[PDB]
Amino acid sequence: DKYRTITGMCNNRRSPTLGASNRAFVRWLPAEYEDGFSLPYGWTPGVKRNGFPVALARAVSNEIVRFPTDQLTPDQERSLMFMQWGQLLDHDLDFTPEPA
Amino acid sequence: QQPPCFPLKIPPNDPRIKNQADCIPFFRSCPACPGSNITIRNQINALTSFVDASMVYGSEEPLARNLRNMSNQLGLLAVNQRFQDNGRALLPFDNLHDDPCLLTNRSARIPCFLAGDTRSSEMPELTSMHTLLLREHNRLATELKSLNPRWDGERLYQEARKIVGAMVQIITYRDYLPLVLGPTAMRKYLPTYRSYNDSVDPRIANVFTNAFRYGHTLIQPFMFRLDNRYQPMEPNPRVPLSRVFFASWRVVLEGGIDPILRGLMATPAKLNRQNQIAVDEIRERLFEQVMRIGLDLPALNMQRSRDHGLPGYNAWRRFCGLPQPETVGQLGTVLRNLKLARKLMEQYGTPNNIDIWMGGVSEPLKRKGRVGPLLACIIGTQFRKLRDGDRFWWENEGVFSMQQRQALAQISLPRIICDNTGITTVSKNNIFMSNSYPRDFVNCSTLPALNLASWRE
Amino acid sequence: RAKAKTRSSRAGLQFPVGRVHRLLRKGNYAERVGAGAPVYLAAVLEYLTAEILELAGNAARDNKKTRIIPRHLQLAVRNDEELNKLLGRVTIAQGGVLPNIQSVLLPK
Amino acid sequence: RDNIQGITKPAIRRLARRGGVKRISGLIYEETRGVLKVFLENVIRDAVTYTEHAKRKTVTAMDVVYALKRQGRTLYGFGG
Amino acid sequence: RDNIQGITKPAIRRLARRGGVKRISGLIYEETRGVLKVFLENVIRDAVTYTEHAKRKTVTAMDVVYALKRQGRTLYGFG
Amino acid sequence: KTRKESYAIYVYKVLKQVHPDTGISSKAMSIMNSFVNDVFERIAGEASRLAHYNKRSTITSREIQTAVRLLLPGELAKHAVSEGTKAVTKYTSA
Amino acid sequence: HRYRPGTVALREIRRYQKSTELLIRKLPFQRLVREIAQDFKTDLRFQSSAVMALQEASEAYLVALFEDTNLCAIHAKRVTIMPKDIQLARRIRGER
Ligand code: HEM
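Residue numbers (this note's numbering), protein chains in the order written: chain A, 1 to 100; chain B, 101 to 557; chain C, 558 to 665; chain D, 666 to 745; chain E, 746 to 824; chain F, 825 to 918; chain G, 919 to 1014.
Bound-form chain A, shown alone:
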């Protein structure tokens, strides 16, 4: 135990597999699905969420996120190293694979 294991195994004595790689995420809150088990919201058309229709994510991005580029305001106290280090640290922390 002079150095780290590559997989991060046996870091915690109580639960050696806790904190390692290729395991499930921790849910701080119970997951909500449109069927209750594994069906994402918006899978079946016409299913209302809490009495309200499920919005199209592309539509939300179109109305709310979209803004004309020509009035971009630069940050007066941050550099692009801020964004780069954020991305690098994120690539350290987590990566959720998906089937090919």
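Some hints here could point you the wrong way.
Unchecked claim - Derived pair list, reagent style BS3-like, types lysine-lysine, alpha-carbon separation capped at 27 angstroms:
#, chain 1, residue 1, chain 2, residue 2
1, C, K583, F, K914
2, B, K468, C, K562
3, C, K621, B, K439
4, C, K622, B, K468
5, F, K910, B, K528
6, F, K837, F, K851
7, C, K583, F, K879
8, G, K936, D, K674
9, F, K837, F, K914
10, F, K851, C, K642
11, C, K562, F, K914
12, F, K902, E, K814
13, E, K802, F, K879
14, G, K936, C, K622
15, G, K959, D, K702
16, E, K814, F, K879
17, E, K800, F, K879
18, F, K910, B, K468
19, F, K902, E, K800
20, F, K851, C, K622
21, E, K800, E, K814
22, E, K782, F, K902
23, B, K528, E, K800
Said to hold, decoys possible - Part of the chain C face toward chain B, derived, beta carbon under 10 angstroms:
#, residue
24, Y604
25, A607
26, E608
27, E611
28, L612
29, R618
30, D619
31, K621
32, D637
33, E638
34, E639
Hints in this document: simulated from the structure, not taken from any laboratory.
For every residue, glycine included, the Cβ atom is placed at its ideal position computed from N, Cα and C.
Assemble chains B, C, D, E, F and G with the ligand onto chain A, guided by the hints.
Frame of chain A; chains B, C, D, E, F and G with the ligand shown alone:
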């Protein structure tokens, strides 16, 4: 719409996608226990939930072995055997069945690089950071071998691995997090370190993978490269971001990583405003060349939040302890904006349904911070858990000697940047804060280096 | 003569650097006062004020109020270890006390 | 001129309730009155000294604040 | 270095005898060691801050005297 | 009438920075004024003592930094120090 | 109907730990302050703020003393506070 596909349906009057039959590609995540129906779906973390410099050393043993240099006894890390930037090492190449780097430009014919992560070649800036880390590890190994010649290659590799891990931890927790959370949130969620605590779960939460995408709001729409005088380097001083995705050939054949680092150090970021969330380059032209159609990064964020089955905005507001709005007026009070609250209500219908990314990036930023109260709560909690649950924390007793701690506490990003490549003029103090040339730049012939003399065995 | 700009604007502060410099000079602290001491003092004072005001505003919001009263300042100070250590021997007027009851006295 | 009895038993009981006290013995009240008189005597003596040095005849709030700060009992809200 | 055990049980017994204590429970030695460690940590931290401000590498008696005085523990006899 | 100086407008500006829609009463402003004066006097007195100990006749930013280190407890001090430095550097650039 | 002993006491504890007002009548306290100050100087005047500040300081002091007294009483395995607890708290604090 069949598994494992969860495409994004195109709404009417879409400014870019006129054909309503077309759908943005999207694949659901890998289940934790496939083949079950009585168990709730959970996702898999493919990487170690620790700040252990795992972007370059790999998280799986076969890949970790493949990354090292086995053709010597210096314990180095393999670099590219065919290309060098002014006599300096580059990332080793990778072979894949379908390589997007080749698809970006057939004439150049440079494949994607290989590192501890498969995403290390999305843009030249990430590749530059990876190459800088690799060069730093190699230089540390060389100086440790000169310092201690009796040492074996495995010992040198492990020692440089520990040094780089502690370096990443120090830089992050000392410079990056205070500039994200701000003084109040950083002091609340990351108090003074006490000691290791095994009763703390260091596993990455599900919401964090969606709550750490705030950086999508800091992306500038252009890539900037600067010469040795921090002037616009020709050719192509500024390049659209749609043409730099997976363009690994822009690293080998376009002057190396020095102009990219120089542009990063001396360019202001983008300020997140309630009416300017994200630029159109990543919203309508993301991965334009590789994919059949451009992607929508914010829409991908909300769709992935839905796919993971994360709760709504109000659930997280209650979880963190903040007041939960219910009506239009309460939402406008919380967001300190009335137009945005009206738009959110007209698109979702209730604050309980707003996605975590939308609520997180639509909140007003903290004082001297770049995230709202909810994102600050989530991020501070996650990083406190990561620090307090890591048994190999650089400040933990026994991991490093006292003199080693004093030597490590003096490291800095500008020292590494101007020590591992050809740039001489670097920013001072917090590199993440200095973005004006030449008002806040130095020659880095004044700032001290890393004193390895405490590593004598 | 150019347009006069305050020293606190150059340092990017809200607290007055010039007034703090005058108070340091007139306060009989030392024979000479450096050029950077007022900036440092103003920055520290503004930081402490912002911290305590943020905590008090959060306490007021938790009470469904809009205006900060001394009760909220007391609740902010006494619920924070560092601020409670800084203000251990300080009384805040109309602040009240922190609600606690010893476990022995509760019915069992 | 026995105004020390103006601090009634219900007032002392309320002050004890704010301090978290559930049951109070019967002899607590005289002891509390003596303690309060001692504290007031010290503070008022210091305040009157401060007032007399200024050649004034009214005891201002700032004199009380300075007298309290002398004993190590800084008070916020009155004066500056 | 576990030098806190260098403050032995008989030494703590002597310090209690000077304080007028007649009978001593067997669990106060660890408590006394913790109390002493906390006190020493505070005073030594202040003394080292005073030393570092003067750009020195030697902790003088005046630094200790000032560190004690600023905690309301004035000590007479060392300048 | 003689002018009475106070730290009221600056405290209000900071409050508007932190909580843009939250007001403050008069007793709370008096308390904040007293707090600012108390902390100023504490730090300035410690800095003066530090200058006198080392036989110097100037109060510099190093004396203020050491006084902040001595007076403010734990994490607070660290953050305060950062803020102070962050100002002086900026003040030097302009 | 009648509540058991100690119930209204706990209700009062919860009630007076939420308020911020002053628990001593103002006129008797003002008379006491004037009587005490009579022994130092004759024909003295008081600002209203002076008497209010004295009242705030005295009430805070007494509340803190009663907290320490309650701790001392609980130490001896008791629920009532006796004068010996006040004396012990004051002696340990250094006041006597
Ligand atoms: C600057 C250019 C960037 C580009 C082109 C980019 C691109 C992408 C894309 C296409 C995804 C997958 C979308 C999805 O399915 O969720 C992704 C994932 C992600 N990105 Fe970025 N990103 C950038 C910067 C950043 C930054 C600065 C951060 C954080 C500070 C960040 C954090 C994340 C996170 C947390 C994920 C989720 C990882 C996962 O769930 O597997 N990204 N990025």
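Q. Against the structure shown, which of the earlier numbered hints fail to hold, in ascending order?
A. Checked against the structure, no hint fails, so every one of them is satisfied.
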